[PDB]
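Asker: Here are the chains, one letter per residue:
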Amino acid sequence: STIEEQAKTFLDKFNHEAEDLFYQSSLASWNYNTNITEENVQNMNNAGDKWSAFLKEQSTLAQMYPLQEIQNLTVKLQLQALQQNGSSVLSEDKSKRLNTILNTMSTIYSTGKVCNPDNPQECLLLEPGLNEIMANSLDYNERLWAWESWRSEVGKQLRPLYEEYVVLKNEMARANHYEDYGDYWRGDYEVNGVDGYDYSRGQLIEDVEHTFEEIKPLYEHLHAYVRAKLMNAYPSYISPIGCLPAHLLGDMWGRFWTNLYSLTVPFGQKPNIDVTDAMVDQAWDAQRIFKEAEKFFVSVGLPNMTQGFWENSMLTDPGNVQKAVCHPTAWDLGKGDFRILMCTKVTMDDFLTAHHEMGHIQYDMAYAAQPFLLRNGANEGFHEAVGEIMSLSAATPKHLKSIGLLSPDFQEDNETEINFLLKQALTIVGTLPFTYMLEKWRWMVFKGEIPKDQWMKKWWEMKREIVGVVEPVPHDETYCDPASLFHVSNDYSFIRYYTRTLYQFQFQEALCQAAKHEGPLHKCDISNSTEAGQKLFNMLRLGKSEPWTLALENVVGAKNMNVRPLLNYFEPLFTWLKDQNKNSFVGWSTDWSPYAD
Amino acid sequence: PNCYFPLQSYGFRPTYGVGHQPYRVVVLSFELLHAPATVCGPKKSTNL
Ligand SMILES: *[C@@H]1O[C@H](CO)[C@@H](O)[C@H](O)[C@H]1NC(C)=O
Ligand SMILES: *[C@@H]1O[C@H](CO)[C@@H](O)[C@H](O)[C@H]1NC(C)=O
Ligand SMILES: *[C@@H]1O[C@H](CO)[C@@H](O)[C@H](O)[C@H]1NC(C)=O
Ligand SMILES: *[C@@H]1O[C@H](CO)[C@@H](O)[C@H](O)[C@H]1NC(C)=O
Ligand SMILES: [Cl-]
Ligand SMILES: [Zn+2]
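The listed protein sequences derive, respectively, from chains D and B. If you read the first sequence in PDB author numbering, its first letter stands for residue 19, the second for the next number, and so on. If you read the second sequence in PDB author numbering, its first letter stands for residue 486, the second for the next number, and so on.
The set of hints was computed from the structure by calculation and includes no laboratory data. Take the hints with a grain of salt, since some may be wrong.
Claimed, not checked - Residues on chain D that point at chain B, a partial pick, calculated with CB under 10 Å: (1) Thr-27; (2) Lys-31; (3) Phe-356.
As the list claims (entries may be wrong) - Derived DEER-like restraints, expressed as beta-carbon distance ranges: (4) B:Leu-513 with D:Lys-577: 49 to 59 Å; (5) B:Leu-513 with D:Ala-387: 31 to 41 Å; (6) D:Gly-286 with B:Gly-502: 44 to 54 Å; (7) B:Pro-486 with D:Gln-325: 39 to 49 Å; (8) B:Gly-502 with D:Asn-250: 54 to 64 Å; (9) D:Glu-495 with B:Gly-502: 52 to 62 Å; (10) B:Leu-492 with D:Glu-329: 23 to 33 Å.
From the three backbone atoms N, C-alpha and C, an ideal C-beta is built for every residue, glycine too.
Excised from the complex, chain D in its bound form:
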């Protein structure tokens, strides 16, 4: 009689059919990615349009249920997540235009090539060379040439395509009752109908602005220190009060400052923690690394992995006969099947990456009992954060000493810990302003606050204002340099990394408080603490059937993002950095540019 029970029955049938269909599709993906052939690609296409056709058919079948007449929250969220029609509500001609634009611009990003001005037949792709050209070579001219050539080759092509893409996304947003595509992407963090746990769409912007305001002292101190180090490095390129150049930041767009650790190491004579020598000395392999991760996870009370994972998953490079793409990825095929695929090498970085991947597996198996629509994290930002917190815990020298990878005679001191905190800051503190800047610029172009003819000017002005980076070569509006990034150029959100950075350290603080550990947080370990494991599981189990604020309170007791854990973590580095910065200017001047003399 009522409509909620009809929706319940429809969801009951949808879960059963979609389980088998998604299992088939994901198994096809696993067999294609492990064994690169052409018939595997064909099976991928077959499963892909089969799954997409099932999705569109189910949406067009269940759209007729009005959301206003359901009281059970779980089925409400199920029907809300299913009822999102995506690009289908738009006209078919514009939908095909949008997908053609996506395909063309993705191909432009993936196959973009730049040739040196001395050999027309010698050209380099972005992946397997341009990154290295500027992430290993210290020459200013080569980095400048690579940056300029890449941007001039990609942005000029991608400018009108990105304009049409943005326009189509605005029509898409207004079609389904959102003001802008930025609002559509912000819609991930929305929950309604739960008292004491609601969240608005502008609340996210307000909170991220407040958090960035609270964090900016650390960024500016690190910026001053890095500028001083680069002054000691490159004496004739940057003003001691101006912004850093774009092509002197380590990676393609200045996303991470991990590369500059070698140039900006405070104490280059202290040894660095590397268990690769202990890796090769004890004849460790991939199976022993994953057993070590298994025992680390069982130490807190989490269950060990299933037999199928240790029987069928590929834990090593499949030789040279068969090629495979082995980026670290955790696969949830469904029906109780879990898999990992990554070319394992005997390195410490592969140890931490394996810990991260099995943390992903643990998170994914945590909500295996939840329905098909709800087998995902409370939002997008919990998966990778939970993966990274495990690597952070395992990177502690105390755990390595306990598991016998470092000799107990190793002497921990202030210098080594300062170096560790500085490299962690270069990896983490550097990316927060850039992610905030990029996502805010995307919001503000989507909302229409900026006319077309000054996108790049405003982009660079606000960058030299907040992120302290000034271009070495002046650029016109013919460029689409934002589309030079994988995330911008393939339709992904980017505030996810800032949210993850907040979440992972908030979780680390909460678990360390639950672990009864004394001292600095970087030394904190959570092993041999079943209380930490049960606290982790208490949020692991829900999935996303409940508001993300409730899931966050389940582990930390707070209903919103806060920046106290990050500053508490980096306080020793805070005081060391402010002690160093007494004789150096703090801040940056927006007027100075390398091209202006």
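Given the coordinates of chain D, work out where chain B with the ligands should sit on it, guided by the hints.
Answerer: Chain B with the ligands alone, transformed into the frame defined by chain D:
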């Protein structure tokens, strides 16, 4: 649209989890009622 075929399939493959593994089950049922008993276990003795 609301009327479905009430039979499903037990998709079985040798790379499945133990909880989902295809266990084999047979149930044995007895009856303790007053009636001429035809079946019960054997027993043997020693030597003369
Ligand atoms: C990859 O597929 C080819 C084609 O059937 C097959 O010969 C080869 O054994 C496969 N590689 C495996 C199973 O590792
Ligand atoms: C919502 O539906 C689920 C699935 O049948 C049921 O277990 C649960 O009790 C329902 N909740 C309410 C409040 O009706
Ligand atoms: C799995 O964990 C249980 C509980 O700690 C342990 O008894 C068992 O030996 C483990 N199995 C393997 C294969 O490590
Ligand atoms: C954890 O407990 C085991 C069992 O006593 C012990 O061997 C190991 O050293 C402990 N590790 C830590 C880090 O406390
Ligand atoms: Cl950039
Ligand atoms: Zn991961």
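Asker: Confirm or reject each hint.
Answerer: Going down the list of hints, with the structure as the test:
1. Of the supplied interface hints, the one on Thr-27 (chain D) holds, with its beta-carbon coming within about 7 Å of a beta-carbon of chain B, less than 10 Å.
2. The interface hint given for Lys-31 (chain D) holds, since its Cβ lies 6 Å from the closest Cβ of chain B, which is under the 10 Å cut-off.
3. This hint holds: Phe-356 (chain D) has a C-beta 9 Å from the nearest C-beta of chain B, less than the 10 Å allowed.
4. The hinted window of 49 to 59 Å between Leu-513 (chain B) and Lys-577 (chain D) holds, with their beta carbons roughly 56 Å apart.
5. Our hint of 31 to 41 Å for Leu-513 (chain B) and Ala-387 (chain D) holds, since their Cβ atoms are close to 32 Å apart.
6. As the Cβ distance of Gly-286 (chain D) to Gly-502 (chain B) is approximately 50 Å, the hint placing it in 44 to 54 Å holds.
7. A C-beta distance of roughly 41 Å is found between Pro-486 (chain B) and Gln-325 (chain D), which places it inside the suggested range of 39 to 49 Å.
8. Checked against the hint of 54 to 64 Å, the C-beta distance between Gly-502 (chain B) and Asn-250 (chain D) comes to roughly 58 Å, which is consistent with it.
9. Judged by the Cβ atoms, the range 52 to 62 Å given for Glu-495 (chain D) and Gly-502 (chain B) holds: they are separated by roughly 57 Å.
10. Range check, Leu-492 (chain B) to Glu-329 (chain D): Cβ separation about 31 Å, and the 23 to 33 Å hint holds.
In terms of the numbered hints stated before, the structure departs from none.
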